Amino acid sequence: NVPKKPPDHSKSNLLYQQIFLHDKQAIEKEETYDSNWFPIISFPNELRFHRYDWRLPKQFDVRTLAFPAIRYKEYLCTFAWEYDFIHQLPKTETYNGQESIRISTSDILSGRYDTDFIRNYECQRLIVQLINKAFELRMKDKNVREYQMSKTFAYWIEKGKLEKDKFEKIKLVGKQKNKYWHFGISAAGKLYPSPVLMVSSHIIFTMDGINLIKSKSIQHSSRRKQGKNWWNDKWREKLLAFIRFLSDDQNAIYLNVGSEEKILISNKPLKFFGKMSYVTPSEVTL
């Protein structure tokens, strides 16, 4: 009665920190995080520049090569052997192997190597280009359909090819209303923080699962529809399942670049864990 007393709002701080903040803070226990980063466990031991002179036409499309190769100051950037380009263009048989210049992957990746005719940053860029291009040359053999975004080239799985999943009923394809929604990934790789490969998650929509929707307004508008209720597990599983499906072996992903040599991409994402984190299991519905 008669509430006459100095306010002393610092006391209200204590009540604020113990009435509506009961065991609601950021330092409680350990946790582990699965990243979006896929390490490159093995690189090919050799990166070679080929010296195709008057054996490939200047107007030839290098993107049509059977193996991922890039023209660079009348040299060819590819891990493949000099004799793996017979079918694409003949007359290449007049080429001697010793003419090509060979560059080891270890120093070109660690940044140790640097010369007058090529530098580290551009060498890293070319490797970035090669592994990025190698995905296009691999997705044809992995039985998935492509889709060109503004910059990237997303790939998704055709409707009904699998049992809507890869493992553990993880729904990778499905339909909403009269339209079909399909999980899809992207491709990206770079070497500065560590030799690793990026992927990104997009949902690709089709009117029945085959005949794509060309109107980008519908594709983008539908994209926000499906993600508005997706959980954190939903984004985690639909990516882990998708990568696991694309891998041809339980070890990793084989990125064929040479006739026999290739690039290994671990299917297990690079792992993180933190010392202290949140605890809250509360959820009802939405």
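So that the term is clear: the rigid core is the largest set of C-alpha atoms that superpose within 1.5 Å between two forms. Positions refer to the first chain, counted from 1. What changes on going to the form deposited in another entry:
- With the core held fixed by superposition, the comparison between the two forms singles out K164 as the only member of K91, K164, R125, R102 whose CA moves by at least 2 angstroms.
- If you fit the rigid core between the two forms, you'll see the Cα of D233 move by less than 2 angstroms.
- Comparing the forms between the two forms, the C-alpha position of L270 differs by less than 2 angstroms, with the core used for superposition.
- Superposition of the core reveals a Cα shift of 2 Å or more for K29 between the two forms.
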Contents of the next structure:
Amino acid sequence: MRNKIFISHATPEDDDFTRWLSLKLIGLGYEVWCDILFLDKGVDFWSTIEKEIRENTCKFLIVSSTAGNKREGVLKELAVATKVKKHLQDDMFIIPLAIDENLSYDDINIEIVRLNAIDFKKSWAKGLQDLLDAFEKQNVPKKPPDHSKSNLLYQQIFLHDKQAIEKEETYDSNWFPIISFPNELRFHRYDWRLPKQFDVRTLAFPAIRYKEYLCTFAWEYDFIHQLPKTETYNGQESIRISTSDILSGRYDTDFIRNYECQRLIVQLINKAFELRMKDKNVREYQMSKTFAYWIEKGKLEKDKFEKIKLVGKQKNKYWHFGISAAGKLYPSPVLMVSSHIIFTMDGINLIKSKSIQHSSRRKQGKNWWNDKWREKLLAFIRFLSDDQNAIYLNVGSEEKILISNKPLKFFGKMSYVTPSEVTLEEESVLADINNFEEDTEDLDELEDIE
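For comparison with the form deposited in one PDB entry, produce the structure of the form deposited in another entry.
A lone chain is what you will see next.
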């Protein structure tokens, strides 16, 4: 006969049921009162609760839970409700809801035992239907259902502190820019000088076979170190294109188009990086297409470079951080660096079974978040650096490529607020978050990446 329905609960403990009931009741049209919808409020909250109980409610239905059975706030609001029920002779003003399956009649409150409770522990829908028909059978005021109100309240209460905010912040990529390039790229017409059966990529300097020519950044007489009878070669028949011209794209001729030139330069960059990694006192690991490079045990100050552990123990084996490089030119000349983890017994003789390697790589990276990725990657890049702020790729005797140490700094206009340390239990459950059905082929998922 009054205005709105009111419900109390043990807010610190049973918020799930109160949430469900409140949104389901407001969705059907009943104007609900509970402390859940009043988030970010409460100084004299008890006074407001007492006022709305006294003169702003027709219903008061309350949880009957072990936590809420003896809570002081629940007890005091229940006492105020009993006073209001004594005032208004309606004996159904108090509706216990037995959602708790281990609260017998012995420990239920004295003035709640004799009352008739509607069962919610069997199923919330059956209890909701019982409450609805009870509301109808003493003419509880109702509004036509409008779930728009439920949507508005749910997003502005349970989703107000967990939304992306508008403020600019920067990130850190693995796209390392190339500071400078050699002056020119030269195709030499070795012809009879260079045998076709010989594998060009095995040469000391980066050289890849293009038709009958040989395209390198080196010099014609620079390559006489390992292969003879090329001192007779002349610099006239060789064709040189300025690197800035060929990479820009404005260069185009019947000999070579701008499409294959960039791919050739990318392959040259990859080969140069692979050759340069030979003398950087790192160890190599073969992959499907590229190579990975890591640090052996005992090659650093307790295997730590600038307070960062690139190598660490785990159970009965060792893990080492490693990188793989691959160049690209279209969105400015950059080098992608991909981070991987390589497993070993102590510091040498990597595990022959790559299956264990890739399987336990996930369990070794499960506990490494953004910081333990970026810091290790930057530490590895700084370690591989030779001078202050660059890495030198020796392509020629006088020509070398410079790769900047600092990667490109992207920035986004949308940020958020980092919460407290919540991940502690995640790694336990993401080992099972793929086990919700376990039907998906885990082995095929890894193979599907290729």
